[PDB]
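J.: Listed below, chain by chain, are the residues.
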Amino acid sequence: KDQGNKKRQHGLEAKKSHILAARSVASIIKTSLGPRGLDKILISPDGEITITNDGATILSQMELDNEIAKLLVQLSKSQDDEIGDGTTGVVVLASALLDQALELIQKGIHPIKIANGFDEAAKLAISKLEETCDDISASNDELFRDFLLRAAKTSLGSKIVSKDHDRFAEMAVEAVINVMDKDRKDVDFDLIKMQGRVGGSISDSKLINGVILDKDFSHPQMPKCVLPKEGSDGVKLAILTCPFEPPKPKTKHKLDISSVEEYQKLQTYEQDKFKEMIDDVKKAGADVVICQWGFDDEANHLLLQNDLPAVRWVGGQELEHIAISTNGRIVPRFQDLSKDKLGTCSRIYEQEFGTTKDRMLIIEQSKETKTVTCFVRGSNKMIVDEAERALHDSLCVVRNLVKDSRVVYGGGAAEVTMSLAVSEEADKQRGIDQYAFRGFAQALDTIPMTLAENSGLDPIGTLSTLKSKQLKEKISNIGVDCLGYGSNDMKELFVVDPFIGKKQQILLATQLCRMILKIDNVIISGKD
Amino acid sequence: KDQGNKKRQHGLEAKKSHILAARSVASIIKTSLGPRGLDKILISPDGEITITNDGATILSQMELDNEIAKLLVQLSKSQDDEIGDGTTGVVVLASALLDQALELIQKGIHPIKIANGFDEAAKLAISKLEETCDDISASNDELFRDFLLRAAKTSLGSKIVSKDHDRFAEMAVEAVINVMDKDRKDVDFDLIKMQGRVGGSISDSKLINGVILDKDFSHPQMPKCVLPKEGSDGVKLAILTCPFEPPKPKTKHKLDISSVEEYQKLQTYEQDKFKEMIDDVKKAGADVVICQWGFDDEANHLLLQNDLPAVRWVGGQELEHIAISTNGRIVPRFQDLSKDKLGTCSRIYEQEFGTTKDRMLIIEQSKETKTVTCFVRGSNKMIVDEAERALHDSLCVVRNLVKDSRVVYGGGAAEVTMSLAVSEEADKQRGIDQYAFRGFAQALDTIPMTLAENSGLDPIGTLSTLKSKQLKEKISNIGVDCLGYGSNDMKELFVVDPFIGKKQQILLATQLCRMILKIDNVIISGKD
Amino acid sequence: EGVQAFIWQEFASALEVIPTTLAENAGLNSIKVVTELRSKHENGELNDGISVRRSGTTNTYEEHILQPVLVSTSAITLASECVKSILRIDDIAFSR
Amino acid sequence: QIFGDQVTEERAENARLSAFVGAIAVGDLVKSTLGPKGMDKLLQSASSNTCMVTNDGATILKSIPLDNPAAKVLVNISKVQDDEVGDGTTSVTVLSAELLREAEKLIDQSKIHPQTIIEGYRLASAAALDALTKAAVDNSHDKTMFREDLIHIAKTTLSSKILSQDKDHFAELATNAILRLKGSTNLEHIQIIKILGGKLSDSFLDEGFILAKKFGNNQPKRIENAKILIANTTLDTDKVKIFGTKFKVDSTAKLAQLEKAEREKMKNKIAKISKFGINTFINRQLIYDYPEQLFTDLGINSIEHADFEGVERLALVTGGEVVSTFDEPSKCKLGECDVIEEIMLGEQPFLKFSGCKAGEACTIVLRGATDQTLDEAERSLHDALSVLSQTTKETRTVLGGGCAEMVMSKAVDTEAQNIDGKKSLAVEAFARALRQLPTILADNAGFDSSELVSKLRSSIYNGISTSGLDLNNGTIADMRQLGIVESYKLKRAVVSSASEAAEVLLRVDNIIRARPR
Amino acid sequence: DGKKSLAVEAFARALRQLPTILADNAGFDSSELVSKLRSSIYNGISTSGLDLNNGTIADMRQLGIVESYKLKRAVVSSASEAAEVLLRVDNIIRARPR
Amino acid sequence: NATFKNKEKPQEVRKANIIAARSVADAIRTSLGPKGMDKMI
Ligand SMILES: Nc1ncnc2c1ncn2[C@@H]1O[C@H](COP(=O)(O)OP(=O)(O)O)[C@@H](O)[C@H]1O
Ligand SMILES: Nc1ncnc2c1ncn2[C@@H]1O[C@H](COP(=O)(O)OP(=O)(O)O)[C@@H](O)[C@H]1O
Ligand SMILES: Nc1ncnc2c1ncn2[C@@H]1O[C@H](COP(=O)(O)OP(=O)(O)O)[C@@H](O)[C@H]1O
Ligand SMILES: Nc1ncnc2c1ncn2[C@@H]1O[C@H](COP(=O)(O)OP(=O)(O)O)[C@@H](O)[C@H]1O
Ligand code: BEF
Ligand code: BEF
Ligand code: BEF
Ligand SMILES: [Mg+2]
Ligand SMILES: [Mg+2]
Ligand SMILES: [Mg+2]
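Residue numbers (UniProt numbering), protein chains in the order written: chain U, 33 to 560; chain Y, 33 to 560; chain G, 433 to 528; chain P, 4 to 520; chain C, 423 to 520; chain B, 8 to 48.
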């Protein structure tokens, strides 16, 4: 059916095409793998300009029609989903592999038999790493904090953020400690509001121990800040999801008014009814009101006179963070108030911003709440929007370290240990699986080599050194002098990649290969 | 008839349009008036690129549809025809005048009455100059040569040629002396071959006391140069317009051949017939042959063996210069040879050229012949093609000085003397002609002012100085410091413009004005 | 002196457009009335003017041709200021 | 293959160019809109007849459409700088761009890696930005001196714009208008109202606060020792939020009852208010015919419709509080002033209040001969109100007129003495680009910039760190001696906000446009 | 004089860009190499040149890297002419191509 | 002499504005005074 507008590919060409298509996607992003990497301006068809060293993000934005690329688009994506840092690299390794696989094919090898070869050599490397890796959690407490940081830092060196990487790193380290527990080892990112606004530089990007939100503070006359109300236990605040307006049904209405009788009673009904709420909150003994939905002109004024700063309209996730931040309860009706369901926050101020007529507000807490707000700032949108994703990247590497305190020293060395170990087992293999193992390990070598290429070092050169040194001594961790400094040895240099991620990466590529190779037939149609 | 596609203009607008159109043509070329001027790249619709400070040339190349401009196109042209140097300026003065004229119009003046005003004030200036001018011919002989040169030089300062203006000037001075007589005062430019070729720099542009032409010298074996043939009176050369081939009719043919009888006689007819010519020229006693039309294979070889260098095919103007250069006669048939109609040249050589497989030839003479060949060279076409027109410009100013040895010191001062004198007579005028005279003189001031503008001097400033100085002392010649040097006074500075030209110029503009102004009705149609 | 004088001079010269176009609309001879009015202004003062009625130059205050002093005040005040915010324009980019 | 349908890729050489050209291009658009001797650019949007002339950098850039990323980056950087400090909008793009220009030099013809060019800049920036703080003197204390300081900032932040003419005049206006708040950095408290006619020099700051909208049906056209109740409450059919209240009767008379019943609610609420004892009642909301009639007959003046901002202004000059609950007089700060007279601003009715309780809300009236002049004088003023508004929230100050950046130049050009190899070059380049600011400054004026700036840099080189460019004699005089102060936050912002621009761009090695829809 | 000097300095500058572009193509840190070269030729020598292999600056007369005098003299000339003819342009006009 | 060039030249934009602007006060000139004539739009 639909015979026309339908093409077919199969091996002679086909495989070349695919292999090459991968390779080419790669050639673009290879120049972004490294602490010497570079970003790529991507533009939405609408006109949105972005700038980012993030792998996944780049390949998602490249509006591309080649089917194989479409696959590497997800390859970098899936990895971003599972870890949060692989992206830029997972594809590189994948391509290299493909070129390698292809190469063998023109020497008489079966595509599917290479597949099994790679899957095997891979599983081995994963092990030769799973054995050489080091542990952090089980070693110290002040050193865990350090190592956990020394990763977040290394994880940021390939970003514009790099400039102030000290702060951005210690920020990501903190942001995670404060919302996940050593036992559950679960970092729920809903407990971390990644909000950013413009202004200053990326340096003025602090971490807030509460939340932000945008509010003018209901009535203008209202105060700007909020003290702990004399000797009290910090500040108490109302967290209600009921509107400061006369209660209404939820089924019908038609309050039939026969005569001036009842209309006379409604009259005074709404009137004091506003006092029925304004009083209600005073009774629970609170300082400031945070209502999910707006208030009436009357009800507002009262909140003024009664020194009850208010917050008209606050979104779901919004109101909710104000709870968990201040330890309060989300109170339905008005009469459901009480001094014991209030929010025990530590301060509230209406934050100014340059001359921007916006001027949002903030809710602090002093002590590490169960909610953090990394509030990012920058000289221009793109710097921010990149710095936020840059922050995110690190925050993820911090989450992976609690979910698996295992660490491997990157700098390319992590990939050299495999290439070394996997290549050894090659000589023992002999025959066909010999070519596979050699290949797998050989593709790997492109990872460090690429780092050398970007940092300005002769590839073959740094590789022989990295291989020799990491053999003439111990299948340890000797990385590339990516920036300079004394010499190799990612350890001293403090270059660290979480193991858990590295495994995922060196899998996701081989697997993706294992799929493409099995494809020997293709049938594309058009858009009728 | 054809009512549609037909527009009409008349005063309210009209005059503005025209006036403005002039002004605008002007605004382009004003930046090219001066020894600090600049050239303008013009491109033929075919693709021909030219570059030139020459007024006429520029405005001819601007493919333009505005009718008034079309007029200034010719204004600069006509002047180029009559003098050869005005061009760039004549238009400037013209425009200025128009702007001026217009200005008055919006104050209630009649266009045609301004016309007569200008024509008058003009005639006056022409006189106030015709009186202040100086004479050269009637003063000295070695000083005439100098002054005649000091003009050619000044005439070249606004050209790329400027670089080597010493040579290009003394070249133009010479080129004219050698073909015009003090009595006839007529420079026929047919007696001056302005030929140019590429190579070297503009410096390697010499003057040839003979002519050039392109020839390989008939037979390859032939010599390359030609000595005066032992103690002889220089070299003698054949100047014949008869082909070295068996003579033929000029009415019919059909040489009917009845039998082997006559065909036997024709046989030996052509054979020795070639000796009948090769001998003929030997008899007249010549060294080299310059034939207008080609020779046969046989006839050529003979010219070889008989040491008779030959020149197959030589154009009209070509052959003719070889005559007048060498003092010979243009001989019809062969038998019309003779040692007394030959060419008494002084040398002949086949000139080499870089590696250019062309390689033309030359005919010298040592003593100033009645034909010069300014042979221009340059690093690239445009430099040459400009330098040739630049040479031409000077050659013309040298011709104007013999046709009227009167000289006026330019530098703008020449135009200031008028503006000064004409403005004086304004006060006496009063009424309407007062506005005209003021205007005419006022437009004039733009000429020097423009020089100041281009050399980097405050216009109003240099003018007041030029006016004051040329009054507080004598209505003499005090020009603008166009290049610097001590101070004004074109005399010391050696800045000189031939009077004859200057008059023409300051006329051609006023007259052209006098036409445009009289136009109060316009009717343009399209190209159906 | 110098610059400032030339500027002022033209500005003064400018104002004469009101009488010139007035005179012109009347079909009168501008250049004539201009000058006849300049000279007559050398002796007389802020009263010697053109009057379409009289078709020449006479006293325009006695001819009851009164003009509110404010009118001419915020006439030059405005125009003269306008040119400034025009002369300040040194380029024009179309921008939407 | 890959990609498709009009997507466009620019690799290294290409990308880098796209970028560099863009920024350089943007910069070379607003270089003329700098310097006290700078010029304005006229522009016109989708309406054509919507021209506008301006010297505001950010303004021009915000408008001018572009397709070039690198350019938009710069545009955007301008709007940012325009936010957190309201000024320097131009000085920033230029210095930002010039830094990039100075970089492609270190690349295309010196062969230095951009990352190493960043390495150097990042250092140069530290040193540069530093020397600023390390040389910025302030007058936070001595409120009678900082007034003189602050007034200079306006004095010079106003040169270059049309106002540069009667700059001294607007100088005071700005200063005073900000001080009359002294606090709120929110400039929405000062209302600017403009009207054609007469010189700009006729603009003024009515220290009594003017307001639009006349009061009452035909009330007293002037109040005396006014005691005003500033309020915002529903004034056309109440029942606030009981919605659903139907009136079913069995006869028109029972309607007629309930009808006058409603019109009673109004005489009720209107009464509870009269109990506040006031000679003027201003409501944000409106007030229909009847609820107004009440007032017209009680003498209380009814001045309706002043939105939100319109009340907040009055509530800051008169000293009252918004209110919407008259459920009890007192406990409601009532506002007051000396007069609430109705004045006429060239063919227009306005309310000139007078002698208010320390007006922390003011009105500046701008007067130009054409809408263009007003709208530009509008922001040309805002460029003053914004800095000053910030300097009260940042007392630090530094001298400009070249000086400032020229000091940061000698700083960087110095710290470029202790450095590695290549990096140094970027460092030297920084100070170089910085130096291009006074250059471009002097350029516009018309002097032999090269020559002048080299003189300037020479003083600041050999000590002094005070000389600057007198863009009039075309000499280099003492700036502190000439009252050319500039906010520290401002300059520090430029030197910062720009360096960020640079880094974000130098780091690009590819550009990809998608299939625009 | 004053300004003129600058053009003069610029000339030598452009000239210097030749060995630069020369070394560039080879692959050395051109900036660094040419600055070494110019330094020898600066401080006497007038013989050193760019050994575009060791990437050092060795003696050319010692390495048989002669060049025709007409050649180099031609370049330094033929180019300067180009420059002048162009710097002098202050307008370009294309006609209605047919 | 030999000093500052002004590479830039939208000198023309000014004269262009003036002329395209003065053309306005032209159409008007005719309606000034007791001899001024009305326009019909
Ligand atoms: N500081 C560095 N020194 C040596 N290697 C580093 C350094 N920083 C990052 N790397 C190497 O580069 C890898 C990260 O590449 P990057 O460009 O950040 O892309 P992604 O991290 O998204 O794959 C690290 O896993 C490590 O192999
Ligand atoms: N050396 C100079 N010094 C002063 N004036 C000169 C000098 N050279 C040419 N001029 C002035 O410029 C005029 C020539 O202008 P030019 O640009 O040559 O155009 P054209 O000669 O075609 O009008 C001379 O007539 C004179 O007025
Ligand atoms: N009176 C002046 N004399 C010398 N420089 C001044 C003077 N007034 C302001 N400047 C300089 O003008 C520059 C700012 O130009 P401006 O057009 O105001 O751009 P921005 O949008 O950056 O304010 C600053 O570098 C400031 O030092
Ligand atoms: N009686 C008159 N004789 C001469 N001028 C007069 C006379 N009456 C009024 N005018 C002139 O008419 C001029 C133009 O008026 P008009 O055409 O109505 O334009 P406007 O009044 O808007 O300037 C006034 O400036 C005044 O000088
Ligand atoms: F470059 Be990756 F996303 F850290
Ligand atoms: F510029 Be001209 F033709 F001498
Ligand atoms: F152009 Be700026 F904002 F003074
Ligand atoms: Mg990373
Ligand atoms: Mg000439
Ligand atoms: Mg400013």
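FYI, nobody ran anything at the bench for these hints, they're computed from the structure. Hints may be right or wrong, so weigh each one.
Distance condition first, Cα-Cα at most 20 Å in a straight line; then the derived PhoX-like pairs of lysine-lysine [what the hints assert, rightly or not]: (1) P/242 to U/413; (2) U/280 to P/244; (3) P/197 to P/242; (4) U/307 to P/114; (5) Y/139 to B/12; (6) Y/38 to Y/371; (7) C/458 to P/114; (8) U/413 to P/82; (9) U/282 to P/244; (10) P/170 to P/137; (11) U/48 to U/109; (12) P/272 to U/280; (13) Y/307 to Y/371; (14) U/297 to P/170; (15) Y/371 to Y/315; (16) U/305 to P/230; (17) P/334 to U/284; (18) P/278 to P/230; (19) Y/402 to Y/214; (20) Y/402 to Y/261; (21) P/278 to U/286; (22) Y/247 to Y/389; (23) Y/195 to C/426.
J.: If a hint holds in the structure, say so; if it doesn't, say that too.
T.: How the hints compare with the structure:
Taken as a hint, the residue 242 of chain P and residue 413 of chain U pair is broken in the structure, with Cα atoms around 47 Å apart against an allowance of 20 Å. With a CA separation close to 8 Å, the supplied pair residue 280 of chain U and residue 244 of chain P stays within the 20 Å bound. Between residue 197 of chain P and residue 242 of chain P the alpha-carbon distance is near 40 Å, which puts this suggested pair outside the 20 Å criterion. About 75 Å separates the Cα atoms of residue 307 of chain U and residue 114 of chain P, which puts this hinted pair outside 20 Å; it is violated.
As the CA atoms of residue 139 of chain Y and residue 12 of chain B are separated by approximately 37 Å, the hinted pair breaks the 20 Å bound. Annotation: proposed proximity of residue 38 of chain Y to residue 371 of chain Y is violated, straight-line Cα distance about 72 Å (limit 20 Å). Distance hint between residue 458 of chain C and residue 114 of chain P is fulfilled; the C-alpha atoms sit about 16 Å from each other, no more than 20 Å. Between residue 413 of chain U and residue 82 of chain P, the direct Cα distance comes to roughly 10 Å. Compliance with the 20 Å bound is thereby established for this hinted pair.
Of the pairs offered as hints, the one joining residue 282 of chain U and residue 244 of chain P holds, with about 14 Å between alpha carbons and a cut-off of 20 Å not exceeded. A hinted pair counts as satisfied when its Cα atoms are at most 20 Å apart, and residue 170 of chain P with residue 137 of chain P does not qualify at roughly 30 Å. Pair hint residue 48 of chain U plus residue 109 of chain U does not hold up; C-alpha atoms about 24 Å apart against a cutoff of 20 Å. Distance restraint check for residue 272 of chain P and residue 280 of chain U: the Cα-Cα separation of roughly 23 Å exceeds the 20 Å cut-off, and the hinted pair is therefore not satisfied.
For the given pair, residue 307 of chain Y sits about 19 Å from residue 371 of chain Y by alpha-carbon distance, which is consistent with the 20 Å threshold. Between the alpha carbons of residue 297 of chain U and residue 170 of chain P the distance comes to roughly 64 Å, so the proposed pair goes past 20 Å and is violated. Taking the CA atoms of residue 371 of chain Y and residue 315 of chain Y, the gap is about 8 Å. The hint holds against a cut of 20 Å. This hinted pair does not check out: residue 305 of chain U and residue 230 of chain P have alpha carbons roughly 30 Å apart, beyond 20 Å.
Between residue 334 of chain P and residue 284 of chain U, the direct Cα distance comes to roughly 39 Å. Violation of the 20 Å bound is thereby established for this hinted pair. In summary, the hint linking residue 278 of chain P to residue 230 of chain P is supported, as the alpha carbons are separated by about 13 Å, within the 20 Å threshold. At roughly 14 Å between alpha-carbon atoms, residue 402 of chain Y and residue 214 of chain Y fall within 20 Å of each other, so this suggested pair holds. In summary, the hint linking residue 402 of chain Y to residue 261 of chain Y is not supported, as the alpha carbons are separated by about 24 Å, beyond the 20 Å threshold.
Distance restraint check for residue 278 of chain P and residue 286 of chain U: the Cα-Cα separation of roughly 35 Å exceeds the 20 Å cut-off, and the hinted pair is therefore not satisfied. Distance check on the hinted pair: residue 247 of chain Y and residue 389 of chain Y sit about 12 Å apart at the alpha-carbon level, within 20 Å; holds. At most 20 Å may separate the alpha-carbon atoms for a hinted pair to count; residue 195 of chain Y and residue 426 of chain C meet this at roughly 15 Å.
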